[PDB]
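Given the coordinates of chain E, assemble chains F, G, A, B, D and C onto it according to the supplied hints.
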Amino acid sequence: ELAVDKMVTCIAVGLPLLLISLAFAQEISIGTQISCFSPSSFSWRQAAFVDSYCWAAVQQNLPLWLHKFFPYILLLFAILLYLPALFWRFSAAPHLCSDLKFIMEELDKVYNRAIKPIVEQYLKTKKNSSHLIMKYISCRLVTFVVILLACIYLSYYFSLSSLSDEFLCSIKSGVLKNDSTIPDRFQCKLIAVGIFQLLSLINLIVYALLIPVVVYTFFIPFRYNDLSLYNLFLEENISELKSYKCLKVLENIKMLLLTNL
Amino acid sequence: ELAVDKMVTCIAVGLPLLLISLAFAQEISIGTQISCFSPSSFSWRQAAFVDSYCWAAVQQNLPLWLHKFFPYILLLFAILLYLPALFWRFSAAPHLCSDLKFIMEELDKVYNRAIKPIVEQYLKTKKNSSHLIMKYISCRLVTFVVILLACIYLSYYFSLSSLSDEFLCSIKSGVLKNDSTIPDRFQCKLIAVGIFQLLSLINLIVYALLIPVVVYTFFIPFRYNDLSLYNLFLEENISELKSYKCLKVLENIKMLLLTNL
Amino acid sequence: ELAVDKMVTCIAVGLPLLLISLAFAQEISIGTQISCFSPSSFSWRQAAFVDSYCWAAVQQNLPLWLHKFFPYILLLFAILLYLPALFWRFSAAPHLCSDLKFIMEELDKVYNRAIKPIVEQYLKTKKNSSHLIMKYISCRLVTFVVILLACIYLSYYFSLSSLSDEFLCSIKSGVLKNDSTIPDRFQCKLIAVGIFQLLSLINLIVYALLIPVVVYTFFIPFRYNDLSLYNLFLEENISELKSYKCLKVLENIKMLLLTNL
Amino acid sequence: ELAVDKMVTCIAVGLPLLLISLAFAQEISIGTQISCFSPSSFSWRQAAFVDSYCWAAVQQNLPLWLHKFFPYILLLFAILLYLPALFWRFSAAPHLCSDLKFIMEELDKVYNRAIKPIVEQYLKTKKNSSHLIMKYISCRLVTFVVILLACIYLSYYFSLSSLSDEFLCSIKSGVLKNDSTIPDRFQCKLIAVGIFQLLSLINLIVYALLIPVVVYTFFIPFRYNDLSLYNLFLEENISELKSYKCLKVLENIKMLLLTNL
Amino acid sequence: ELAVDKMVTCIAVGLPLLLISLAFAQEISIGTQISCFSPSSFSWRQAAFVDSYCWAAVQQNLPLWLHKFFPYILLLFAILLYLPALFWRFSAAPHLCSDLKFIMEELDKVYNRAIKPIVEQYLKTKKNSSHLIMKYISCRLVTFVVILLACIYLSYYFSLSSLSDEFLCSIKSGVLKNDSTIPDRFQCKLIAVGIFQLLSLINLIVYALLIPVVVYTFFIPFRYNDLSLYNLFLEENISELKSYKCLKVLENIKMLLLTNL
Amino acid sequence: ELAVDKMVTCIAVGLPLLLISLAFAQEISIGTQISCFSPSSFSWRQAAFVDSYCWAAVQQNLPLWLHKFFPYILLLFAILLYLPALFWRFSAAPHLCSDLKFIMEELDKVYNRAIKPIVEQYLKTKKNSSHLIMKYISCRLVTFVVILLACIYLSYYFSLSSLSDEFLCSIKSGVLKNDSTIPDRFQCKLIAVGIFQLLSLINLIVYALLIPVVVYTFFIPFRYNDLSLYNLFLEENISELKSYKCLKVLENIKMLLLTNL
Amino acid sequence: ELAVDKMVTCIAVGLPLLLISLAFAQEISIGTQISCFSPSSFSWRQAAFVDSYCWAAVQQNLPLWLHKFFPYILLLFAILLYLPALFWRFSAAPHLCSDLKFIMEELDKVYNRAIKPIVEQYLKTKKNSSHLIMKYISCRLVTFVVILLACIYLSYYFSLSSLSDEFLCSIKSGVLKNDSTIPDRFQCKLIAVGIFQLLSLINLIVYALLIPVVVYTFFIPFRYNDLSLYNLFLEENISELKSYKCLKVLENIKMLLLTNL
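Quick mapping for you: the protein sequence lines, in order, are chains E, F, G, A, B, D and C. Numbered by PDB author numbering, the letters in the first sequence go through residues 31 to 90, 100 to 155, 193 to 299, 324 to 354, 363 to 369 in order. Numbered by PDB author numbering, the letters in the second sequence go through residues 31 to 90, 100 to 155, 193 to 299, 324 to 354, 363 to 369 in order. Numbered by PDB author numbering, the letters in the third sequence go through residues 31 to 90, 100 to 155, 193 to 299, 324 to 354, 363 to 369 in order. Numbered by PDB author numbering, the letters in the fourth sequence go through residues 31 to 90, 100 to 155, 193 to 299, 324 to 354, 363 to 369 in order. Numbered by PDB author numbering, the letters in the fifth sequence go through residues 31 to 90, 100 to 155, 193 to 299, 324 to 354, 363 to 369 in order. Numbered by PDB author numbering, the letters in the sixth sequence go through residues 31 to 90, 100 to 155, 193 to 299, 324 to 354, 363 to 369 in order. Numbered by PDB author numbering, the letters in the seventh sequence go through residues 31 to 90, 100 to 155, 193 to 299, 324 to 354, 363 to 369 in order.
Only chain E is shown next, with the shape it has when bound in the complex:
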């Protein structure tokens, strides 16, 4: 598993969940996302009914609608970022685990036979496939696209969120539209939206790292073949290879040394 992309993924997941959990902790801290005026004649309950009404009224200036739903959309993005990892955890990971374990021992046998090519034949045959490299391309890029719409959404959010912290709510509705004690609209403040707009900029800012970093992961001709992706697995899993390290030190140095190694 490619660590940076994995770490980027792990971090990309941590941020919103943190933000969401804190928003929840803040929603737990605030208790409501909105409030409105009332007449002072509105009882302690009557005003509570207004607040809850307008909090419900949101689904009927369009961002004012979205402003309520904003946090859960974030959660949607978080889930949408996570699942490609579980998907990728099966698109390719079951293949490579077998691949590496084979690759290791045959190169160790190349190493061992040198001390005293089936993986190369296999690997330069994996060269033939475009399937698993395109598996990587699609799985990563799709995940990347999740970030794009979030950032665009957060941008389209933030840009207009800056001007739409408040609205006037009517609860003069139905039969109790006829109650004149209800002002035709209450003015209402979308309490969390400033936090969210801040949170939005925060997440957006950090996500503006993750996007081109994953883009950087595709410049493999400068980092076209599964081999080139195996070369990533090489650049990756050299991590696993004692004999490579030994032979790389040998290569660094260059049967006595092999006898000493």
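Treat the hints as calculated values from the structure; they're not laboratory data. All C-beta atoms, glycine included, are put in the ideal place defined by N, C-alpha and C. Hints should not be assumed to be uniformly reliable.
[To be verified] Below, a sample of chain E positions facing chain D; criterion: calculated Cβ distance under 10 Å:
hint, residue
1, 52
2, 56
3, 66
4, 275
5, 365
For chains F, G, A, B, D and C alone, coordinates are given in the frame of chain E:
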């Protein structure tokens, strides 16, 4: 266990539980699902009694009834999705575990004997049964049907939920129907229903993936026999087979190689 | 341990605990199970005293009494379902564990001796006892009876719960019967009863599966002896038998194969 | 450890802790165990002071006193039931663990010597002691006595609890006895007592099982010596004896069988 | 580690922590330990200020002062009981662990040499020291003294707690001594003190067991030397000695038996 | 991993998370970060609306804006400090783990060959690279820079926070700007800012340790090459080297000793 | 690790964290640390604003300022006590672990060679260094100094805390200094300060043990060299030495015994 279908199942379970837990966290965040007006003359308690009354009144426009019960119905679907896995965990899983473990060693003996057919006789005998393939068909499809009614329910919910966010509640009832201070009906907002209608669309949208994906799992003639289902277990459990990987690399390459392998 | 009956048991326990925990979570969500009117002249506390009074008044139309106690009765059923498993975990499980472990090795010796009858003598002697089969019958059926009264209770509950969501409560009592500001009865809504009546139907519906399923477990002549119950342990614990699987494959196929097996 | 008595003990502990925890969860759910009227002129705080006063007044019709303290007395019984197990866990358990482990191997040597008496000499010497059997008698019976007083207490509780759900509380006390706005007594409802009286009957009912069951455990002449208690350990720990099972099967069947066994 | 004294210690720690945690759970359940009257003219906040004031006023009839601090003093005793175990866990436990492990193998060698005295020389040399026995005496007795003052404190508490459930509080203080709307004293009820006085009697009653039991642990001449304390470790750690059990059975019976043993 | 720098890092992370968690616990303890006056004519809800309004108004004297966002900025710094460790955990840690494990065994072979140079050739070749030392420099310094801006931010915060604990808030806004009952501005206290300003000084003070300590970590010429960084890994991982310790003791002492060693 | 000093440290850390956590639990129990009067004309919110204002006003008789910040200063001391252990865990612990493990085996070889001096040469060379003994001196003493200022702080706290439980707060400030309904100062009670002053005395009292105990740890000439500190490690880690125990028993007794040992 078929990973995608398993993952689909694991995910299909995660979503509603997440949605339900957040709805609970939201119910914990909101504290009530409904409120109503009162006269300002209704005490801080008297108005509370109205709210609770109408929250109870729900069981006596029919979706307004269902709107209350909505979340727990979701929980019902979640349980209804889970149990087929535990059921399937015994319909077939005890069979295949023994099957695979047998299949492995005899094909390894085919492999070993080749290096220096009982599973094939067994497998091409499993070809005879329709019982375990029909076990799969029913167990999966039933689980799939759980999704169907949920989505239909959420659709029948959402389509009319869009118009029925509120109602007028009468608590002028019994002896205290005679109290004229009680308005014959209070107007009442079904606070969570917008969230739920959103949540409904969310779950519906994601479930509209899971359904045809499981449908795709049945196109085995393009992915009629337990063997064909064993061919799935083949396409599955090749995951387990060192010698297959070795022989597939051998097959990729093709006694020296067997001696080297 | 018979998986379906065990799973049925595990599930039969999960449902009410879930329902109860959610009812608790709902009781935590609602904070009270009941409320009543008051005069508006009843203070914010005075009305609270009414509510709590009537919530206490329940123990003095009889289901209105029971309606309060309803949840804990559910908990009673849940405990009553659980303990037969712990009881059964000792009525028979210590016997069979020794039985199976003996049975395995001697049939493996039959298997081994065939490759190159004490369990049969023992098993066809276990044929003599009615004690352990009657242990099963009673332990299961008793557990089953727990379900019967619950469902009957929930039915007797639900059928009249449908009509008795509310009552009028008198707190004009004792010395403070003489306070005329207290209405001779307050009208009172049994807030949770609708949820409970829903919950009751839910649990009842699901329990109407578990009952005849366990009944189906007794049709052993179509699924009279401990052997017949050992035949269940056979139909069960063939799960454990490598050699049975081998010999069943051998039986499927039919010393070379035994030499190959 | 004698499973039924142990299970009975484990269950006997589970019930009250469950009841207590739920009572706590109910105390958490209710927030107070009592309330009283007030004049409506008593402030939202002044009435709160009454409630808390009378909740404190309890220590100065005697069961009304006890009714408050009731739950913690239950907790007392629960602790009082638990500790005899820890006590018994040392009164006898360190002895028998060594005893069984010795007994096993020497009877296995009797078994082994038969294949190709020190425990019997030891056991029929343990016959001499009355100390460890009286250790059992006292430790169990004492635990049993805990149940007796609880049930008697719950009975003496329940029988009069049925009539004493409420009382009149005076907070006209000290200097602020002179405040005439305070009614000489407030009427007060002991909110939890109905639950507790229910809980009391529940626990009592279930404890009326546990008592005679433990009594049944003493009818050893029909289930006088440590041997007879070792015969219980026999009837118990035959659970541990492979060779007994083998020899019991041999005994069931009856050197070839010993050679086969 | 001496089990009874250890168990006594473990239990002696469990009780107050339980009582304290429940008091906390009760403090969490009650929310305040005290309340007072107010004029009804005192606002919902003004009366709250009184309550909190008098709750603070406690530090300026002396037990009324202590009554507030009571719970944490209990916590003090609990910590004060615990730490001697950690202290004792190093005063002696590192010595004896080495001692026992040595003692075992040399007596096993006495046992083994008998089959086919250094510990006795060592032990009857440990006879010389008074240091480690006085380590026990002081460490235990000190712990015991913690109990004494608690019980005395609880007694001095309880005896006067019985008469001092309430007091009159002045918040007519400082500049706002000049506000005549403040009554020169409010009457105030020390809400938890009844629970605490109950709790005090409870803990006292149970601690009146633990004290003389530990006293009973010192009657070693009837249960003067480290050997006598080693004789306790003997009476203790015979628990560890296979060969003692074997030789005690041998001693019970009395080279064939040694050959059989 | 360099322990001090690691410990410094671990501690540098612990402090703010502690401060943040306590601020959250304090936000949980306070429930709001701000409040304002109202007219007494503002209802219990109307004043609540003011408070929440002004709490939202923050995003429209600039530090008053920032004062709200302050805590989450701290959280930002905490995350910003953490991730360089995970980054560094891959920038270098996969290299050195292989390096050390190689280095150990070859120096042990130097040790072993001495008893009866490939690592030196490798290490004095690592001398060639500037890549991994610059990896350290950048990764640490960047982390260090996180501290700089925090401290500067906290300074720019604290210095002006000292004068800007409060502000006047206008909620006379929109349509409900026209309500004259609303004072054109409410005066508002930024409740947490004193805690935060304290917290700021606290964190700043402690961070003024961590900064130059990490600076001290760069004075390697007094603590220019990867070798010099390997000399740190030497000064570090001598921790791992038995033979170094042995040979250092040998070096301390100086084939008999090697034969004795 | 020196157990007493370690235990002293572990305990020294436990106490404040306990006190702090309980203070938090008390802050959670109280909900506020302060309250003030208001005019009764101050709304339920207006008075709340006063309370929060004065709670914020603290940062502008100086101990009244500190009284708020008191708990977190305790937390500061707790952290300040902890970190020297982690520091010491690296100042010396990595050295001694290697030291002991070497020391053991060479003295075991002295033991073994005696049965049939490199550590002594090493140890009496460690005699040369003052570095690691001064490491101990500074690390411990610094930790000790943390206690000093806390106790002094708590003393300077307690001594004046005794007289400064309350103050008068002005919220007549800014524009809303001009509101005459605000009393020029409210009188305010620093609710927690009595608990804290109690807590302060508690912690101080217990810390007055820990200080001279650690002082007692320095009287090594009566408990000047690393050897003398190794003699502590001797007096310490004799805990680890089987052969020392054996040879100490041998020394207690004094090749047969060595042959028997």
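The hints, checked one at a time:
Interface restraint check: residue 52 of chain E against chain D, minimum CB-CB distance 7 Å, threshold 10 Å, status holds. Checking residue 56 of chain E against chain D: minimum C-beta separation of about 9 Å stays under 10 Å; hint holds. Taking 10 Å as the C-beta cut-off, the interface hint given for residue 66 of chain E holds, the closest approach to chain D being about 7 Å. Checking residue 275 of chain E against chain D by beta carbon gives a least distance of about 8 Å; that is within 10 Å, so the hint holds.
Contact between residue 365 of chain E and chain D, as hinted, is supported at the beta carbon level, the nearest pair being about 7 Å apart and thus within 10 Å.
Going down the numbered hints, you'll see the structure goes against none, and every one checks out.
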